[PDB]
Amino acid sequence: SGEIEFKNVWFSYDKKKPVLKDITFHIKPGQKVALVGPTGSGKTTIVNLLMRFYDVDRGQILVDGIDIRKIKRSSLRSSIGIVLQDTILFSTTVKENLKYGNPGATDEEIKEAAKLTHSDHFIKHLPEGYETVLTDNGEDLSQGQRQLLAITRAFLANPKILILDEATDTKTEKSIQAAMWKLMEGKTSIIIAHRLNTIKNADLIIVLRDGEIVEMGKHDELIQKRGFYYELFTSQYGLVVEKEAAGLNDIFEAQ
């Protein structure tokens, strides 16, 4: 499960000017994949089509080898876990928030899920623990804690596929990174990368520009190619240092 393939996909919301043009790629089960490129390059539209918020105008999208137009749509969408940078929670108990994608979960399954995704500790130390009401939709929690909850929430729903918007706290980021790691374990992950920090180890990087894939591959190979990915990466992570080099001086001499 978690196999994804776009074959010659074209799409437009307008049905006038296109947004995606001949998009073709294949993702093996369990691979971590990064989408990179400018705003409006096709990143979000690819994910909208995967969720089947719309059907493609041309080509096909296959999940596990089946055109998603022949898959039960709610099961397709249900099998996809979404973690964005800003998570909205309901003004209810933590426990009920955690059952968002798994209403049938037992109290034991919830705590087990939270232990594996390293949110159990901070939940327990909320004033009412798991029964703490997240008044004002989670705004008494820090940014990090909301993200932990969203990761545990996804984990509990056991998705086959993840869609993750990469962030653009030391005690927390360590546990968030551990949490993400566990959440991604054994799953196909599609990361909308921005900082490009994480994705050095991505199994596949897809570089988009004006609705087309201009490059595709691993970090090392894309860097050597000195194309668009090289440009976006080194512009962001280039580092200026000092080096000793030959120069000229006008020194004093006799005669």
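By rigid core we mean the largest C-alpha set that fits within 1.5 Å across both forms. Residue numbers count along the first chain shown, from 1. Compared with the form deposited in another entry:
The residue among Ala202, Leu196, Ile27, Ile68 whose Cα moves by 2 angstroms or more between these two forms, once the core is superposed, is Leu196.
Comparing the forms between these two forms, the C-alpha position of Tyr13 differs by less than 2 angstroms, with the core used for superposition.
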The other form holds:
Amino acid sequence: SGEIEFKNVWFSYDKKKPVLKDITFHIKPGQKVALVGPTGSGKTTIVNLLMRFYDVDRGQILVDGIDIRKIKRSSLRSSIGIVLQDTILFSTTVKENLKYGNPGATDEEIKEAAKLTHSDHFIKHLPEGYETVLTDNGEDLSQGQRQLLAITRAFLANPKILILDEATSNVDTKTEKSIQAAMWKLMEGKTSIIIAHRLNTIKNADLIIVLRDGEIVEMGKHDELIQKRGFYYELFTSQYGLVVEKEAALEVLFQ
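Switching conditions: you have the form deposited in one PDB entry, so give me the form deposited in another entry.
For this one, just the chain is written down, with no partner chains and no other molecules.
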């Protein structure tokens, strides 16, 4: 479970000038894949097609050997889990938010998962704990904490495919290490597609897919790509020695 294949995929929203051109790659079950490339390189569109917000104009996409066009839509969506950088939540208790993705779970199973994903602690400090109402869709919580809940939520849902933003950096250091431990736990034994901009996650990915102008221009592990002086090398060194501000991430991979 979690196998993903794009075979000669072409796509355009306009049906005028293509956005994606001959996208071809294969992901083995349980791999961690970094999609890297500047804004508008095709990252978003690849993920939009995998979630089947649109069908491809040419080629095909397979999830575990089956064309996604032939998969029941509710079964495709519930087998894919997304965590964004700026998560939106529902205006109920913390417990109820977590219980999306697994409504049938017991109250203890919720706490176990929240424990396994390092969000239990901050939840307990909320004025009413797991019963705390998250008014205005999580307004009171910090961006990191909302991301924490989404991770625990997705952990409960146990999808076979994860589509992930990197952890937010506009967080306290304690919460960041917390989020990263939580994401590692979430990714365990699952196929993970990461819209990557952190050096560390790009360096440790099982596979890097480098996109430029809607095409794959390099594909492989960091050690392979870094010894040729192509586009990846340019992205990786674009910040080298430059002072500011968030040294962990390549700024050109989201701006």
